[PDB]
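Chemist: One letter stands for each residue in the lines below.
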Amino acid sequence: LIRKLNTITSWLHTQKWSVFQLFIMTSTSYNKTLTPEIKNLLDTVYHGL
Amino acid sequence: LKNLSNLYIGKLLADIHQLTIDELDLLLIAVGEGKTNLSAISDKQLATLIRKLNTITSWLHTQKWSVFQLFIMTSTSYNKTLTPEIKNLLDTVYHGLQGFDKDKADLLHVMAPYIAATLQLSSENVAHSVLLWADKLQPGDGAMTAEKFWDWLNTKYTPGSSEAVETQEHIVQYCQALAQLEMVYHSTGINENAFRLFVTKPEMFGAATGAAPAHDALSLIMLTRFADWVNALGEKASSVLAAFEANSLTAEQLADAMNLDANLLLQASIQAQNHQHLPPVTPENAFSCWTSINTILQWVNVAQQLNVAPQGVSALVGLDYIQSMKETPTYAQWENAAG
Amino acid sequence: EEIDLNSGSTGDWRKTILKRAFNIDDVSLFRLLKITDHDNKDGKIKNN
Amino acid sequence: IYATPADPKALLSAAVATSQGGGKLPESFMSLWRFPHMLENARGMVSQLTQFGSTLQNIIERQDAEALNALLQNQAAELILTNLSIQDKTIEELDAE
Amino acid sequence: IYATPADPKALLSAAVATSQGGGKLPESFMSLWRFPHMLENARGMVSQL
Amino acid sequence: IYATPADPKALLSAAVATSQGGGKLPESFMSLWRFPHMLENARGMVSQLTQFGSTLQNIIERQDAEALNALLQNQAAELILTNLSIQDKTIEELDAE
Amino acid sequence: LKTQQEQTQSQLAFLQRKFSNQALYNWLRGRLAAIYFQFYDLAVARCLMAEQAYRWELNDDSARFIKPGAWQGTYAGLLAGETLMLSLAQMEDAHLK
Amino acid sequence: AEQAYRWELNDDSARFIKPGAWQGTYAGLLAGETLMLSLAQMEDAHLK
Amino acid sequence: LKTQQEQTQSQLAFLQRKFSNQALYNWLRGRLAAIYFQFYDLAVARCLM
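Quick note, the sequences are listed as chains A, B, C, D, E, F, G, H and I, same order. Sequential numbering from 630 applies to the first sequence in the deposited numbering. Sequential numbering from 582 applies to the second sequence in the deposited numbering. Sequential numbering from 534 applies to the third sequence in the deposited numbering. Sequential numbering from 1985 applies to the fourth sequence in the deposited numbering. Sequential numbering from 1985 applies to the fifth sequence in the deposited numbering. Sequential numbering from 1985 applies to the sixth sequence in the deposited numbering. Sequential numbering from 2227 applies to the seventh sequence in the deposited numbering. Sequential numbering from 2276 applies to the eighth sequence in the deposited numbering. Sequential numbering from 2227 applies to the ninth sequence in the deposited numbering.
Possibly wrong hints are sitting among the right ones.
Claimed, not checked - Taking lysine-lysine pairs in the DSS-like style, the calculated list, with each CA pair at most 27 angstroms apart, reads:
#1 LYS2293(H) with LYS583(B)
#2 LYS1993(D) with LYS2228(I)
#3 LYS737(B) with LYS2293(H)
#4 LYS1993(E) with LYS2073(D)
#5 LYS548(C) with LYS577(C)
#6 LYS2228(I) with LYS1993(E)
#7 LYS683(B) with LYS2008(D)
#8 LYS668(A) with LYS2228(G)
#9 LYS685(B) with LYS737(B)
#10 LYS717(B) with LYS683(B)
Derived by calculation from the structure, the hints in this document are not laboratory data.
Bound-form chain A, shown alone:
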């Protein structure tokens, strides 16, 4: 665990990323609120298909 944490910590520093950016990319817990961005997606695909 310590070794993995160090690898990631060093890397996030190197990439200039916060732990929060990592979390966004790695999280499997997804939002359920329907936002304008998705509404636009659904219309775009709905009509496209």
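Let chain A serve as the given structure and place chains B, C, D, E, F, G, H and I on it in line with the hints.
Modeler: Just chains B, C, D, E, F, G, H and I, lined up with the frame of chain A:
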């Protein structure tokens, strides 16, 4: 001596906040307190007034705005002079609507693009909100609305005339009111969706139920702070705003948006509900009304400043010496607080 | 001795010392418990 | 005790999208024109629509460009005012020298 | 007493709009041509416009 | 012995192309129309096709130009944060004096 | 620097006083967009008339080429004309075949 | 074209062409576009 | 410099918020490319005829 003392108080308020007397007056008008007879003010009101002036003045310095700029945004004293900008507005709208039929339109949606064209506005969605806001406010001596405006524009106004009719005084004030609200939108920096919600359902932002949304100094600060909060949420702002308009926002969602432990907001939510606040915080408004959100966030900000949990802050409030008259916190309770 | 680390618990001197030792609040201490123990169905631990 | 200055921070902005769905179709009308003719008429009308579409896109791009230039000039003005203050201080510094 | 100078001041300018409204339509004329012909001729000139 | 630092070095990036072959033709169809008619209709379709192609290229150029403007603007913000740290140290240096 | 301040103010006055200012484009955008939308409904109506004529001519009142949503409010109608042109082209192909 | 329209459909007052396409303030810009819409409306009315 | 940071952030917000932003063009490109492709097939069929 009493009169001299009261004149002195007014002077001090101006000197303290680096305002001239003229500026103090304009600010007090913008605050809404200006109508009060300061000479016979209660002590509670005076202290409140100082706090409002302090808050607003600090904010104007923060925003780098003059008092005159604030005054322009808050004033209801619209001019009646008919200027080229308005003459151009009236001709554009007049022609755009010559075929307008209410049976097929709500009027506001039709005017929105012509108004945007004349207010130098980038989005008709905002123009829509501005016209709606103005109708709720009913600005000017004529208590003008878009429908009254249209009846006049279509019946009396002659495009290119330059003389029109005497009722144009109300029309000019209405047109300035639209410009005023436009400046508010732009200077506030509020998201278009957030703005539509504010105008459409002001209670979400702490308005008294059924009130036209205000554009006075306090309203402007509130909206500005809301906008700053949204920017802080950043890329997760969309989720939070969508859940604000749709009343689904909760602690877990906001905490995720703000990079907080949900337990921090949950505990703060509870303390906000346990403690008495002017707008009471209840489960029903904790994440729905902006003022309840601010209350919860203040519980958090204080807890953060002191590096304690919201529970710790609550315990400290509980040591209030006035409330202690019944609680009489024991030494042990104080030892815990110290810990 | 039991120490109640629920973030919603009130304190006592043992709880205060533990926070003091780590310079953290009750909300983050509760989370720390969950980091160390994902099975504990409560926030209470003994002072082992 | 030396009071060490606090770290600078990044500023953020949100860019939350707006949304409006598309339109419903109008009622069909039985025209007297035969399809091969009505098609051409519809085509000509669509071409005129696409021409307006192109024009509108160009107007929008121009609108945004002008807005940016106005912003930039105002920003320049603010920075110059600050620089004037700085230069004035340089003169005061020389008087101290 | 050192003559501490006043702070630099901002400049401003006015850009007041001019206003020229529209006019009246010219008198109409009855052409010898049927509607669809004139319609296209008008379309033609409007395109040129 | 002074620890002489290593020299700075250049960065470089790969730019490997993607590849997609072209389209296949659909089956030939014989319509009722004689050659010059269909030639003109085909010409019409091709002209409209070239018009869309022009539009697409213009969108693409704008798409990429805007991405660059956003990139550059984000980069400016990053450099400013570094500059703020430098200036803060400059003030600290004067306090040391 | 004072000169630069004055020059900056001059550039700004020019930028705001020239005919081709931001105000012009906001006006043009608004007015054209209003036109564009109305023109779009008329374009759709002719496209629909061609569609009904198509259905009449081939005795097949079920075929559909014109779909709702050509005008997307989010994007202010951009590419609505192009969308309709594709539908008309699809009809043409169906008719010929 | 409007007068021809009226004659064919037996109208005395139908109006599509309205004043205002030319706005001197804006140097006549979009006057053509304004007229094109009005002609399209005239045509649509004819077709229906 | 602090002011420049603010101005920089304002300019960025403008680019993100202006109508002709990156999202717009990404959308237009995608939608048009899909149209262009289908149009191409129809044009080819016409050419083959």
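Chemist: For each hint, tell me whether it holds in the structure or not.
Modeler: Status of the hints after comparison with the structure:
1. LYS2293(H) with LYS583(B): 70 angstroms, violated
2. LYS1993(D) with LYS2228(I): 10 angstroms, holds
3. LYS737(B) with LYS2293(H): 18 angstroms, holds
4. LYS1993(E) with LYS2073(D): 15 angstroms, holds
5. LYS548(C) with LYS577(C): 11 angstroms, holds
6. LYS2228(I) with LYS1993(E): Holds, because 20 angstroms separates the two Cα atoms, which is no more than 27 angstroms.
7. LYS683(B) with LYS2008(D): Distance ~20 angstroms between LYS683(B) and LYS2008(D) Cα, so the pair holds.
8. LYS668(A) with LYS2228(G): Violated: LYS668(A) and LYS2228(G) sit about 52 angstroms apart, past 27 angstroms.
9. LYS685(B) with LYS737(B): Holds, at about 23 angstroms.
10. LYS717(B) with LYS683(B): Status holds; Cα separation ~19 angstroms.
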